[PDB]
Structures are given as C-alpha cells and as structure tokens.
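Number of protein chains: 4
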Amino acid sequence: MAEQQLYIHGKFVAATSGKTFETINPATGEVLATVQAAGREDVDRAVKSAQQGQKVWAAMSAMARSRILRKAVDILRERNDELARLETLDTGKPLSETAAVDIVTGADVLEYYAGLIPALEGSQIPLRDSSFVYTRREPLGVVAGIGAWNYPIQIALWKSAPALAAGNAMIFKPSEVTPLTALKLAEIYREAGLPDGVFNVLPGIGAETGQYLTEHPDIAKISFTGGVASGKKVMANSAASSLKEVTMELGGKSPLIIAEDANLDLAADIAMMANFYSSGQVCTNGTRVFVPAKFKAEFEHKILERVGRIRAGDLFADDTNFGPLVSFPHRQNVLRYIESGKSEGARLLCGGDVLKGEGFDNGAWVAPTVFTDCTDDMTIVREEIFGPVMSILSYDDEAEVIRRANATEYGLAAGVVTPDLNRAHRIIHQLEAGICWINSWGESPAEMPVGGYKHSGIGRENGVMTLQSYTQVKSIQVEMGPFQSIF
Amino acid sequence: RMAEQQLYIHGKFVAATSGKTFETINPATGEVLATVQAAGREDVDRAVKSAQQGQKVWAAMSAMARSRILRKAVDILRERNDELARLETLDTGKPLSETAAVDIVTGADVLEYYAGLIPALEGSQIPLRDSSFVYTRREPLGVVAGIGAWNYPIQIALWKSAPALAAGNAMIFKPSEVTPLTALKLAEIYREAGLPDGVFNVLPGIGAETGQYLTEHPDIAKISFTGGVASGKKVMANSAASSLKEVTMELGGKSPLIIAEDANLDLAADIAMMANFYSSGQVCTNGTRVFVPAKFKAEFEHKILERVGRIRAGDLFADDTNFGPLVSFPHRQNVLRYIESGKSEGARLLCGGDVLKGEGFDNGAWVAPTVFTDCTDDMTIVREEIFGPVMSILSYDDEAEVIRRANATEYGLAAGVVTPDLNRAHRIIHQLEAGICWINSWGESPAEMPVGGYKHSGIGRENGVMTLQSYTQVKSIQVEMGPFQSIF
Amino acid sequence: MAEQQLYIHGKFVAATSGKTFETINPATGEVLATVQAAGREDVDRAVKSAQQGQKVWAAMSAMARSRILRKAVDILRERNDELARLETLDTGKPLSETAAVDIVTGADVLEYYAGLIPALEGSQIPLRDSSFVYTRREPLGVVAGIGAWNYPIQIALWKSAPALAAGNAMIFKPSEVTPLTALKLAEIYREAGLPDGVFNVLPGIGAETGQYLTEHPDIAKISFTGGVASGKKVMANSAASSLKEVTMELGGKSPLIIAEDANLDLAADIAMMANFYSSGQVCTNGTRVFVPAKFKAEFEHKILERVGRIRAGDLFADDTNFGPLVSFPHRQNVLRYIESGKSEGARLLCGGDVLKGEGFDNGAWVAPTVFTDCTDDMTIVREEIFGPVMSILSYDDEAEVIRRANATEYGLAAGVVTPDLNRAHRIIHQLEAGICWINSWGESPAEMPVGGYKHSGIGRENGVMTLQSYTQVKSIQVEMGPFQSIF
Amino acid sequence: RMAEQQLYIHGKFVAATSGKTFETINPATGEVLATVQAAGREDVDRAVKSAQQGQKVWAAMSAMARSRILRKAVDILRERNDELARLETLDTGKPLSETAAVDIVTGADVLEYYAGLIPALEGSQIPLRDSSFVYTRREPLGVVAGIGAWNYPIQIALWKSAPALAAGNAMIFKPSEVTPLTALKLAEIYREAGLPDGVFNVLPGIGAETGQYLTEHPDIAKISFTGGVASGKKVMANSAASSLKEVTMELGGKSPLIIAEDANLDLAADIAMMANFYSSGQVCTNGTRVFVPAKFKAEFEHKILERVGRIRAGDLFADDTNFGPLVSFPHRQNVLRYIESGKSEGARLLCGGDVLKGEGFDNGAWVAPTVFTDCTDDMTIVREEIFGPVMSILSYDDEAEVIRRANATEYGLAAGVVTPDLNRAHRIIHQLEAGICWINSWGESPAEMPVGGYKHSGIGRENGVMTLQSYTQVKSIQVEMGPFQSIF
Ligand SMILES: Nc1ccn([C@@H]2O[C@H](COP(=O)(O)O)[C@@H](O)[C@H]2O)c(=O)n1
Ligand SMILES: Nc1ccn([C@@H]2O[C@H](COP(=O)(O)O)[C@@H](O)[C@H]2O)c(=O)n1
Ligand SMILES: Nc1ccn([C@@H]2O[C@H](COP(=O)(O)O)[C@@H](O)[C@H]2O)c(=O)n1
Ligand SMILES: Nc1ccn([C@@H]2O[C@H](COP(=O)(O)O)[C@@H](O)[C@H]2O)c(=O)n1
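Protein chains in written order, with the entry's author numbering: chain C, 4 to 490; chain A, 3 to 490; chain D, 4 to 490; chain B, 3 to 490.
None of these hints come from the bench; they were simulated from the model.
Built from N, CA and C at the ideal position, the CB exists for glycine as well.
Any given hint might turn out to be false.
What the hints assert, rightly or not - Pairwise CB distance ranges (calculated):
1) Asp47(D) - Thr23(B): 30 to 40 angstroms
2) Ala410(D) - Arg406(B): 51 to 61 angstroms
3) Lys14(C) - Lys74(B): 26 to 36 angstroms
4) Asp376(C) - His304(D): 31 to 41 angstroms
5) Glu25(D) - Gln55(A): 53 to 63 angstroms
Claimed, not checked - Restricting the straight-line Cα-Cα distance to at most 30 angstroms, the calculated cross-link-like pairs of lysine-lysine (DSBU-like) are:
6) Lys236(A) - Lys235(C)
7) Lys236(C) - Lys236(A)
8) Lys187(B) - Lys235(D)
9) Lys235(D) - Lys74(B)
10) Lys236(C) - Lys51(C)
11) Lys236(C) - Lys235(A)
12) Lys74(C) - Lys187(B)
13) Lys236(B) - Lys236(D)
14) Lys235(C) - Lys235(A)
15) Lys187(A) - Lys74(D)
Claimed, not checked - Chain A stretches covered by chain B per the calculated footprint, using a threshold of three residues with CB under 8 angstroms from any CB of chain B:
16) 119-128
17) 367-380
18) 415-425
Only chain C is shown next, with the shape it has when bound in the complex:
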C-alpha cells in the first residue's frame, strides 16, 4: 500500500505535517502501510472543511439525509467481505469474526439512525394564552470522534452514524494501530452522496493529532473510545481548551455471575464467549467469572474442555476462531499481567504462554489463559487486561457476590446466568453497570443504549438517546403579551 493520505473535503490530500507512522500486520510482523499523520494545520483545514459541509448537510431535508446514509449502508453490505479482509489484516481478528460482525453491526447502526432522522423533534410548551415555548434540537456543528483499535470500522460507524444523522459533520481520528478501514469508510460515504467535509478522516497519534482535535476551539463535542487512563486525559484537555461536550466509552472489569441454579454447560459457554472472542480484546468482556464454591471444580473442567476446542491458525481459514493480539507491544502488556497472576498465587488452569511453531512465531499470539482460585485483591482481578485472560472466583452467597461484583471503579457490563425469574431481575437490578445480559453475553442491538457507570464511561452510544445527544437544545419563548419593565 502507498503512503496513505488524509481524507479532507471529499478527497485524499497530503498531510503538511511531514510525519508518518506504520501499521503492522499482527499475524506476520510485516508493514501493511505507511500512513500520513495530521498536523495542527491539517486539523484546522479539516475543521473549516467540516464547517462548510455541515451547513449544506443541515440545510437538506431530513429524508434527503436519510437516503444518503441508506446508500452508504447498501455499499457497506456490498463490500462487507472486502472490508472484513482488510480489517483482519489490520487488527489480527479472524475473518470468521470480521466478515460476520464488524461491518454488519456497524452498518446496522448506520441503517438504524438513517431511519430515525425524520423523527428527531423538539417540543412545545404552553405557558399561558399570551406566551408559549418551543424547542429546537439543533446540530452541535463540527464534532470529533476518536477511535480504538479493536473494532476500527465498527467504532467509526457507531460514532459517525448518530453524529451525521443529527445534522453534524464529524472529523474522525482512527487509532494509529488500525487506521486503514476508516479511510475506506470516508470514500464510501462520499460515494453515497455525503457532502464534502461532512466526514473527514485524520490518521495520527494520540499525543499530537488526537490532542489537536481535543484543543480546537471550533469543535463542539468529542466522542472517545479507548482505555480508562487515556480517556481521563482526553476529557481533561477537551474541557481545558474550549469546554466541549463529551462522550466516553472506556474499558471495564465486568462480572459474570453464575447462579447456584445455573446449568453449567450454558454458563461455561457464556463464559467462553465473554472472554475469548476477538482474542479477549473487548471492553465489555466478562473477565471476572463468579462461580458457586460447590460448582467450581466441575465448572473448571467444563472450561478446560471448551478451551481445548479453540482453533488458532490462518486468520482467513473458515475454521479459525482465535487470532493474535493486535500488536506485539500489547502482547507484552498482556504477558506482564499473566506473570503478575502467577506471582500473586493465582492458579494457572491453562494457557499462560505465547504460541509457538509454524504460523505462530511471527505473530503476536497469546494462548487462551484461565486463572482460578482468584481473589478480589489480585492485580489480574482488579485491572483490565484486554487480552484472553479469564479469572474464576469462588463465592458462597448472593448478597456476597453482588457486593464483590460491584466493588470496582469499573462499571461497563455485567451478566447473570440463572433460569429463575426472580433471581435474574433481582440480581441485575442491583449491579452497577450500564450493559447487563441475562443468560447471554455480547449482543449489542442498534436500539440498545450502551456505556459505562463510574470510571467506565460518560454518556451512551446507540439507541434513540444517542441521536438526541448529538443535538443541542435551543429553547425559544414567544411572548405575545406586553413586556413589563420595573425601571
């Protein structure tokens, strides 16, 4: 691939920063492409382009906007397999995942918001015969989205779909680890008829390009997906610069509670899907699995059985369902967590090492890893690993497990396995998390708002509420009576 350029105002354009970076294929170590990095002057160009495109976009009818987003949806469906293969090359996720999930659910959200544009309404409030109020849900203007590397094009769609549907232009910065699919999406939008400037894509690094966006005085909102620490830095700079509105989708340490009446085959299946999809690189993963003491030994055997069925290998093979981690530096961090678990006395049930042999020595592979006999003070239990590392924790009673599930600064997701009507709702209602699954894990419908409690996030994505949160309310009073001054 040739020097990948910036995408500004409906065309690829060379960056004026003079800086570049490389994205690596995590399966081979090869350079996928050299990518231009947006400089401070490039960000300002992108903002002025976005201001001009947004005015055209907002002036269109609601249904005209809806039709253009729907054309982008149709193109995404057509190009699913091509885009999935590129995503696999950039992220290391198996094609069996990227071709079935990444673009499908990204497009599902764009399709959803495309249809809701005409339903975006203000309100009207009578005060008295001589005065009333009405409100408008106006675009914020130019907004910025900052993506993460685990679901690059899905995240770009989940941020840009409500932003565009609400009448804004978005400047999107993909993660430096995985910048390629965002640039393809930018071409797809314009091909669908999106006006020039409404979706600009600026590859770059967080310390420079990301910061230039968070500081710009004419960007009205920042939406960020990433780690808890990076989020705090982003939200601070966005505030100190121009008091921007903020959305944050950060990591978690989500609990999966297995009830005493749970079927352990189902619970083990849910625990598997909550830990080893995308090689464990999912913010919502149920990485603390609480199991009753009386069932723990049997559950551990059922986990070992299923871990043995995991099929690592060629990411383009049909039967491969486990990939390398997104990068070699990230594998290093995941390995440090694994060593921490060993040094603190957690019992390694399986995995714990890199994969070796033909087809693995050149990739950032980590074996599916399960620790058991875990306790609430362990580093692997307290901190998000963002790798394929399950922690199993024994518990005795329902009140106890609720307290321990909630005793964390994280708040993203949670789940319970139980056939009992009262227990399922009763437990779920007490858990301090924004995304809660009963007898399942991971499904995130376009209709369902998702985001974190406590340190796991600010605001929400998806659902009707996220379309409204990309508008700002203007209240208008019409006074038809005589105005009275006290002077």
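Go by the hints and put chains A, D and B with the ligands onto chain C.
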C-alpha cells in the same frame, strides 16, 4: 450578627473538623453577618458517606413517597418566602423587591415541577425477536455534588437539588463562600419536610479547598457547577482527571439583544433595561450587547437615558428600591476596570461609569448603572463578560450582518430579538448560536424550559423534563430466552 | 339521607325531569336514598355549565390546575373512612375493602395526574430553513364519564383525573345502582378550588340519562365502564349522534394460567384473590383458572381450604372480607349462571347457593362458588358472570393452554404463575390481553395503562398515555417562505 | 380497454365469488375504463383468513427486515411514479400536473417515513418498588381494515397501509367503487417488494356490501375510514355494534381561511385559490369559507377573479392543464344543486356557476370554477361541504367576530390565517377549533405532521409518530418478585 454557621451533614448541624472558618459580609454595610465553618477533606468524606446511606433509603421509597416529601418542602418555601428573601438580600445585596418576587418563588417552582414528574420517570422496552427483548432502567447516579454561585444562591441550590433528588440521588451542595446562608436554611427545610438524613448535605467553604475536595472525591458520580467561564474549565478538568465524573456547567455569556428595524423603541428599551440592570447586572443571561439599527440608534440612546435616570438605588428593604450594590469590593473593582477600558478604547460613555458616594453608599460596593455606545466588536467591553451593570450599544445595517456579529463569540448562553414580524422573529432566532432565546421579552425561565449554554457558556442543561432524566443513568438489560450458542 | 339532587355548576340543584329512582342497601334491602334523575334539559344545563367552567379551568396555568387537584387529594385522604362507609352502604362491599382500596387508589390516580399536568407538551418539527411545524395538545372541551357500580368512587376518579388534568370539564353519570359517592366527590372538588362547572354529576338511569349524554352534540368524548353488551349500545349512539371520541372499559373472562413448576400455595392464593374480591364483582377477575392435570386434585384441596376461611357478615366488622352482591336483580342473574353450570355437567366443588340465617336472609348474598371439571363449551366458562364463581379447567401442555386462554372474544386481563424466567415472559407475550400479571393479581398502579383487547375495551386508562388521550392534537405549520400558487 | 380487474388476496389476483361486478368510468370522457369484480361476504371471510396468516409471518420478522421491505416498495413507487399518476388521472379526472407531482410522491413519502420508524417503536418500563416492576409491549392489533375515498385513491391507500404495516399488522383495503384501479396496482407493488402474502389484500366493491362486510367482521381489530361526514357516522356505528372495533375517521370539513387586516392581498388571493380549486375543489381540507375584512373585500374579489381567469381546463395529460372535471357525473349533479341553492338564497355569483360546454367538455363531468360573495353564515353553501370548486367569500369587521364565526360549525378539519404579524398569527390560530392549521400557506401535509379533525370532521389522526403507535395496542405486564399476600 448571627450565630456561627456550621456544616449540615446527615440531618443536623455539625462542626467542621478542618478547624477553619470564613466570614460572610453584608454587601450593603460591610458588617460581618456570620462566621462560617469551612468543610475540610475529612468533612467531605463524612458528607459522602452520609449521602450514600441516605440515598439508599430515598431510592427505596416509592415514587409518590418522594413526590410528597418534595412537595412538603415546596409548601414550607412558599410560607417562608419573605423571610428567606430578606436573608438572601442581606447576604447578596440584591434588593428585596427582587428577592421576594423571584429568588425563592422560581426556586420553589422548579422543585414543585420536579416533585410532580417523579412518577413519570420511565425506562424503555425493545423487542428483538420472539425469544429476546431488552428493557432499560433509569437508575440514580448515586451521590452528586452541586456547586453554587453567589448571584442567585437559593434559586441555584433549588434548581440543582430538585432534579437530583427527584431522580433518586443524594446531593452534597457547596454554596459560594460569598453567600452560604440560605443554603443552610434550605437544608433544614428539607429535613423538616421529611427528606431522609443525608439526602441533602451542605458544605460551606472556599472554592480552592472545599470545592476541589468535592470534584476529586472518588465516590461522587456527577458535578453540577454554576459560575464563571474560567472557573468552569478548571472544575470540569479536575472532575475528569480524578474519577471521570459526569458534568453539568452553567457559565456566563455575552448574550446579544437584536432590535429589528420594525421594533417599537419603547418596548426595545424596556427589554434592554431588564436585560442589563436586574440584580445590578450580575446575571449570566444578561443581554449585554444591544444591537440597534443605525437609523434608530440616536432615538434609542435617548430612550435608554430616560429609563436609566429612573433607576432607584437605596435602602434594599424599601419597596421602591430596584438597584443594589455589587456583591463585593473586589468584584466592583473588576467592573470598574472594564468601564475604564471602555473609555480608553474609544467607546462613548452615555451615562454612569462611577462609584456611588454619600450616606448609605460609602460602605457598599455600589457602581452607577453604565451605558456605552458607539461600540465596536473588537472592544474589551464588547468581547468579555463584565458581570456588572454595563450595557454596550452597537449599531448595525442589515440582518445578515447582525446575525454574524451576534454569533461571532465564544459565549453562547442567551439571545433575543425584538420585532412584531412573524417571519423575522423565527427566522432570526433560528440562526442564533444560543441555548436560551427570547422573542419580545427577556429573562423568563419557566420550570418547563431547559436552559443552558452553547460553546463556552455551558455543558448540559437545567430545568425541563430532560434535566430529570440527565440525573439518572441508563442501564440496558437483555433477556435472552433462547438457547445461547457459543462458537468455541 | 335526604332526596339526592343533581350537582351542576358548584351547587346541588333539583332535577327538571320530575323523575326519581331509589338505591337499595344490598345488605338489608332497605332504601338508602331517593335520587333525582337528570332529564334531557338537565344534561343541556350541565353541558352549558361545563363549557363555562372549562374555559376558566383551561385558562389557568398548568401548576394552578395541579395544585387544585392536589388539594382534592388531600381532602380525599382525610375523609377516606367517611367516604368508604358511604361506599359500603351503597355497594355492599366490606368496609375492609372500601377503606383500604376504593378511595386510596382513586386518590392515587388523581395525585399522579396532578403532578403530570406541567409535563403535557406538544412537539416541534423543522421542515426546512423557511418552515416548521409545532403541535398543541388542546383540551377536548366537555367530556362525559359513565361509571359502573362495582367501584363507584374509584371509577369517578380514574375518569375525571386525567380528564380534568388535561384541561377538560367532565360531566359524570354514576351507575343508578351506586350514585352516592360521586356526589360527595363533586363537593370535594369544589372545596378544593375546582371552578364551577368543571365537574358536574348527573345521577339517572342508563336508558335515559346515559343516552342523553351520548347524544348531546357539544360533548367531545364519552368514557364508559360497564358490561360488554351495554358498551356496544353506548359506543353506537355516540357515533350516530355527533362522532364522539370514545373509551370503553368493559368486562372479561380472564385466564389464570398455573404452570407445571408453580408453587400450589401461591397459585391458590392468587386464584382466591382473582375470584372472590369484592364478592367476584371485578371486571379483571381471573375466572378461568387453568391448572395442570397432574396437580388438579391438590389444587382443588388448597382452594377448598382457603374458601373455608372466607368471612361473610357485618360489612363494618374488621374481619369481614366478603359481602353481598350489589343488588337483588344482579343476584338473580348470578344464580342463573350457577344453575347453568350444574346442568351442563360441571362439578360443584363448593357454594352454589344463597346464604341463609340471621343477618343474611335480608341481603343479596351468594356463597363463594367453585366449579371444576369445566370444559371450554360451558356457559359459565364462556360468559362473564360478575359474581363469585371460579371455574377450574385442566390442561396438559403449554401450547394447548395458550390456545385455550386466547380462544375467547374477551381480552381484558391474564396471568401466569411460574418461577421460571423463560416461561413467565414467553407465555405472557403470547396472551391476547391488555393487563398481564406474573405471580400476582389485581394490582393496578397509576403509572400502568390498563384496558382490553378484542371485545373487552377501546382505549386505555391510567399511565401517561391516558392524559394524552384526553387532549386532541392541533398541528400548526408556520410558512416563512413565499407561497407559490399554480393558478 | 383494460382487462377485467379481480380481487387481490394472498399475493395474487383471484376471482370474486359474489357473482357481481361494477364499472369505473373515465370522468373526462364518460367511457368505461374497466369492469371490476365486487367482493362478497365469503370473499371478505377469505381475505381475513389470508390476512391472519400473513400477519403472523410479518410480525415474526425483525423490525429492520420489515423496514427494508417497505423501503423497496418505496423505491418501486418512485420508479413507477409517472405510470401510476397517469392511471390515477384516468380514474379520478385529476390533471397529470397534479397526480405526477403529489399523489404518489406524498403517498410514498409517508411509507418511506414509517419504514424508518419501525425500529424506534418501543414500550415502557416502570419501577414500582425494589421487588416489582412493570413493562409494556406495543403489540400489533392483528388484521385492520382501511376504507378509502375517491379523491386521492393511491395516496389514501398508502397513508393508511404504511403505519398499519409498519406497526406489524396486516391490512385489508377497500378502495372507493369510483376509483378502484390504483389500489390494485399498489398490492402488486407490495408483493414485488417482498411483503408476505396476505399482509395487504385489496377488495374492490360497493360500500353497502363490501364496506359493510368489513366493518362487521368479528376478526378485524380496527377500521380506518376516509370519506364524507355522513358515511363516516354509519361506518363508525356498524363497527361498534358488531365487535367493538377501534376506529379512525378522516371526514370532510368547511374550513375557514382568515385574511387579516394587515395581509398582502396578492398572497391572500393565491392562498385562497390553492385552498379552493386544487383537484377541482375535491379536497377535504379546502378553505371554502374565505373571511375577508370589509375594507378589503372589493379589492380581494378583483384579485380572485383575475386568478380564476387564468385557470386552464383541458386535456388532463397536457402540462399546462391545472383544472379537471369532477370525479363522476352524479357528483357533478350534487355540486350543481349546491350552486343553485347559493343563487336562490341570495349569494352574489361572481363567476362560474355552470357546467363547461364545447368540444372536449360535453362528455366530461366539468363544472366551472365558481366564486360566491356577499355570503352569510346561514346560507347552505356556507354551512355544508360541497366538495366541488365553489369558494364562498364572507366579510368581517373584527378579530373576535371572525374567530367566533370561523368556529361556529360542526366541522373541524382545517383552518388558516394570512398575516405578517407574529402575535396575530399565533394568537388567532391558537383559538381556532381545527386539527390542521396553516399560517401564510395552505395544503402542505408533511409525513411528520399528524392530521385529522375536531368535532364532526374526524376521530383520531393520520401521519406522525403517534399514528404508528395508534396501530399498536398496549399490553402492560407486571412482574411481582415479592411474596404475594392473600387476604383470604
Ligand atoms: N479498554 C481498552 C484498553 C486498552 N486499549 C488500548 O490498549 C492500549 C494499552 O492499554 P493501556 O494503555 O490501558 O495499558 C491503550 O493505549 C489503548 O490503545 C483500548 O483501546 N481500550
Ligand atoms: N458568570 C459569572 C462570572 C463571574 N462570577 C464570579 O465572579 C468571579 C470573577 O471575577 P470578576 O467577576 O470580579 O471579574 C468568579 O470567580 C465568580 O465568583 C460568577 O459567579 N459567574
Ligand atoms: N363487567 C361488567 C359486567 C356487568 N356489569 C353490570 O352488570 C349488568 C349486566 O350484568 P348482569 O346480567 O349480571 O346483571 C351491566 O349492565 C352492568 O350494570 C358491569 O358493570 N361490569
Ligand atoms: N369529504 C368528502 C365528502 C364527500 N365524499 C364523497 O361524496 C359522497 C357524497 O355525495 P356528494 O359528494 O356527491 O354530494 C360521499 O359518499 C363520498 O363518496 C368524500 O369522499 N369525502
């Protein structure tokens, strides 16, 4: 003098463990109203633990049980309106003619409004397929903190605490160090109304310490702040860096008042007066850039002079007084520096511009009502919020021009237009970059109407149904009744 | 008491019909009172009064209306016991019910709507830069409620609360069987500050006073509670006369489904409360109880045990929990249904006869009655009895009981008893009823919309939606661009 | 000539078993366009069992699957716009200049609108206490019936079927016996888009038989009817008497157009023209009572006559034709009876009042554009809907008077005001008793905007989000997780 004022934690007054105190002054006389204890770091932690325990009791009650308790507080506030207004006048220097008609009346209106909406707070249900559906809960945030400003102390305490409590939260409120007294009275009223202990705690103190300890505390889920634009940026930064708190910010503005070429100039002048000189100019939404057509500027200036001459400064408890001192001598000094900036930058002084002198004024920080004209967009008095009684009059030629100039600011709080024309009123208002827009009026802020700033003037909103919802957090719950399939 | 008069424009006034009727105390057979009947001229006077009052009422602020309704609530709480005693004399329901339910839940709904008045808002819809639409939710004007006799004051509150909260005036006609508490409510409203004419009460008979209301050209909506047959007459006349909006809360034959995993003590408690409260005179009663064949014998035993604890007697006694039927003519109809059950081959498990002895010979008593071995073709199974008659039906599988529960023209309520998460939601989602209870029966929160599918009703009561349904939408387009004529 | 037209049941054309047929006439020539089979009792029974089967398949699909199928129907309607418009012109007599720009365009706009809203159709969740909560489902009604009118045949079929299908129902549509042809084309288009067989069935026939059989059928859950005020009352009665069906009714009106004393009279004249002579006056919302201030009446009359003189009747397929014949010869007879009453009751005829004559008109149901003035509130032409091209001009003196006279009617469908004044426009409109109100325009009916009548002009609404919800029924579900308490 009043008795020494303590912290209010868990349904009773309690001594601070900081060992620190400050004084609140009567802005009209300079006398010490009271010595006030300042909450330390340990006091904030005690307040948070009290709030956590109270919130659980409050949230477990029925919706209508909560509604009835807030309504009892409303009834008390109506009965004690005049007494609370007199205290507010002593602490702020605002005339009783204002405080007895606006401050508690509109604060209680918002509490009364939210009290009735508690039972209407609902989540959603979304079918996915025959075998699965989603439902959502609007759950309390938990413990939230409000940080008040000094210009409308008890109104702000009510506008923040009413939706927070109605949504099932406990709130720790920190009043401005300038004006702590009515917030402590409000805490007693809530308890008398039946609010569980800990649900509304009040921590007087100074911003550098008590305010910071609240924004840093790991177990406070949301900060709501009212104040200046600069102070706002600092609060929002500390709230994010510490524990990623949800935030609401109601900051200042430089709001434009646009007088159309077809406006009646008596109405326009009355609106401009009320948009600049209420509460002695100490109002975030004031219309401090008055745009008038060139052809009408001379006549408009004359009508402003007539009305400014009628402003009545004097005894703040007298019925005919409608203008008070500024809240402090340091704040007046800043307003005086802006006025001197207007003179040196070439704006024409139409009236006022000086401190008030003589018996009854020497002990207060009074500034005469001030009007500048012949102003231009580059002047400091036109670009920056003064927060004093200083009107800037700007001439303009055409509608496209005035919309551009009205919007060419980092502020975004309020705006208004004066015109009898249907098309012009809606057409102009729709293009203005502000959250609060008034047509042929100024200042009215109904409990139903969400209010807040665009751009640097704010984050989020207050009042209206949406502010009840914004004090909850959404939990989405998927019920999967079909057999779960694992790909491993 | 005296000769009960009409209530028009804030005062008691003599009827101009020249006609009266009597309401009987169902416990003694004695005449409680003679009540004047509103004629066609009385209805026209009530309507003109309502038009005048509604204009005053709607011109008030929203919070002014809220406070007045709240004062009525405070009065109702204070006079709960007094009002309940009057209700017991008129209806025959035990004081243990009327003092705990009738006024309490009537007032709860009024209290609920009082608080929602300020939240009643229209909408605003941008079309293009030069045109927008806004809507107003305007009062209907004058509406009429026609109450039933089983819950006289509760029904008066449930109809009048949303109607008044929406800015309307209501003319209320109580059932001729039970007119007394409705007149008390009219006094309470005026004492609370309700403008004269906003709530007028016209006692009379359905054949005359009710028909005059449904025919009046200046009444905008009729809300009716009663039997299915009477409802069809009312809704037709409302259509033929002036095309009125209509709400109908009619009877049902609601199924109670006991699952194979149900606790039979719980199922029996639910079945008892679903059949014998208010002596079986409740539209929502679960009068078809479906029980699995394998448990039928045990369930019947548990029902008989609980039936033996039912305490009929002095309606003002604390421990009395069962009363006479509302009238002797109604008892005659209930007895005919019981004899049909006997003759069609249903097995009589208990009851089936009037009660005899000192204190019962003078009242319209029917013993708690249970039939079992019932089949879907029996008259007692297909038709609403509106008396204390439980029908127990055996079933074998889940698909069958859903088909049989739904195989009816009625659609009011339904319920299931089961501890299983999937079974509770799965079954309830398939039942064709508007009011569904899981592991409970009867609770009707002010927040919860209630009403019938199929022949059991039109529209809903309670919930936010019922406040909205007492307004009518006006859409207003503001065209700020130049209008183009093609002529 | 066209082939004999059959019923459309379960995804295919099928012969009626009634043994009866009727003819639809081309109103421009008097010729038979087609012979059309009429559905009997048994045909209606068969259509219902088909609809019951199809609805189950349709409702079981996901929301977005339903959305995509309706969007494909939209795409076909856009592609086939001109062909469908030409057929509508043949059946109705409306000029192609109208049908190709409005009828299918706005019909498809509403289908497109509801297609996108399907995934947003949500129930509610209500917490009661920690141990119990309520949630609601918005379930399909099942099989619903739509009964169309003849003035906008395919638009009405789309406005009724779009929310009904989008909400998960099947609809059986009966077109007017006057204009059955475009509804049958719509049924084929729906199937081509993937609509499951049975979800949209079409039963041509006459009101006394096919219409009544539908309103009486026990397994139809809701009836939506558009037509005349009298026919509506009969439909609503039979629907109640049979099985207590939910009802929607869009009936006629006598809508007032109020010209204010400050109105520009050219704008007022253009609005009045569009409010009276579009579709040859056959529009339920037409502004047939034009209220003009006395001081402007003579001049207003002159501007109306000038614009009436520009009306171009002729070949309905010509670009410049903008006026057509009435839909049928019996309908012209009724319009002529109303015109004669206006003359006999003393109203002044300004123009028109007779049929059009000559080559190209003698065989069509033509009535000249007609304007009466000096009208009074007691005249038959002022009190009753004519549904032809007859404008009544009424003088007035003051605003209170015209509001009272505008409202002094049993009709309530639409209304409008012409004024440049902000206060006058909103003030007057807020007092008018009509569901559809236009300020400085007439006739536009956005898919987003609920429309329907006050008083005798209707029950319920069409279009907007509320109409999607009104084609569902609410089920409230209480989950009790606490121990149930029996008093027995
Ligand atoms: N929830 C998470 C956790 C980590 N990450 C990514 O992994 C990197 C390494 O993780 P930490 O910086 O959290 O140690 C982050 O900088 C970020 O790029 C993420 O994108 N989302
Ligand atoms: N919008 C504003 C602006 C200023 N202020 C007050 O004024 C101070 C700023 O100093 P001056 O207003 O004296 O220039 C703030 O720290 C705050 O106490 C406020 O409370 N709200
Ligand atoms: N659901 C029901 C059923 C009957 N009823 C009353 O009972 C009458 C008919 O029932 P009976 O034939 O049992 O007397 C109705 O006209 C009405 O007065 C009622 O008010 N609600
Ligand atoms: N609003 C209206 C008024 C009349 N009509 C049609 O006109 C008929 C009434 O006869 P005339 O209109 O020919 O007088 C109705 O039965 C109906 O076919 C309509 O479809 N909509």
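Q. So which of those numbered hints doesn't the model satisfy?
A. Hints 1, 4, 8, 9, 17 contradicted; others consistent.
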